[PDB]
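Just the one chain here, laid out as structure tokens, in the form solved without this ligand.
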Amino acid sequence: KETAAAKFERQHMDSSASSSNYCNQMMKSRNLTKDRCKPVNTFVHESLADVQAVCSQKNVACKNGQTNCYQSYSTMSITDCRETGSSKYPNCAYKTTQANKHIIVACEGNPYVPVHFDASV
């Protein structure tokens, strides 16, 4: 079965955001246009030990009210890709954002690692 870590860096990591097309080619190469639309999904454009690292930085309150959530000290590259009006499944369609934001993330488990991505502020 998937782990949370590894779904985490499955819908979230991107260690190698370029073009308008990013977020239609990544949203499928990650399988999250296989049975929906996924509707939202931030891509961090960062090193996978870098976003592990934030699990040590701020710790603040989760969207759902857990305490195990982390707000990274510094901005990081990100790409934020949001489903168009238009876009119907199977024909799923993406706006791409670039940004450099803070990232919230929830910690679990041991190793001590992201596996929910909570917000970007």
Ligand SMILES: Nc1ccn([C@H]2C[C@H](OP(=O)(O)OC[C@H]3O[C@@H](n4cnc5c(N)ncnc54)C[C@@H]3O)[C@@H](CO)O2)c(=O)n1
Contents of the next structure:
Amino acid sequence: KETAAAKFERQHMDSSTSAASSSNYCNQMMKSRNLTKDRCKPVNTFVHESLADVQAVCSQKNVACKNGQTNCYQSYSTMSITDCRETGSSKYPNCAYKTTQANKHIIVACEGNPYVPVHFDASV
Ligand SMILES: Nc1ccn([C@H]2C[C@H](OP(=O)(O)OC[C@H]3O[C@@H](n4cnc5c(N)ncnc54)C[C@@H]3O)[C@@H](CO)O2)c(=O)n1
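The form solved without this ligand done, now the form deposited with this ligand bound:
Once more the chain from above appears, this time first in line as the rest of the complex follows.
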């Protein structure tokens, strides 16, 4: 089945755009990337950087993840991200999100060999 590394690219990477261009970005991306297939995922962040720059975070500042694991890493630099959060009108299968564009450091969890991101922990 889909690997954790591939799932991270499908749910969190958007190298094709530098930022969200309209308030409908989240609604369109959450549906196209199949994140709303089974239910409305409540929160999801998309990163507008090259995949190589995001994979490189696995060799940057080590930090504990929110849940305590120690395989988390914080990017040294800020990155262009789009934060998607479910709105009060969201109702499966018509999942609805608020689009927020920002520049923040990202924290991801890394695993395997090659050592790559497999989970998005937070934006700070
Ligand atoms: N600002 C935010 C806040 C939350 N989120 C998303 C990221 C998460 O999904 P995902 O990246 O698939 O991660 C979940 C998967 O990762 C796995 N996982 C969790 N911690 C891990 C760790 N330390 N090492 C490896 N895998 C881990 C469990 C599961 O399969 C989800 C809940 O944390 O919400 C976000 O996009 N932006």
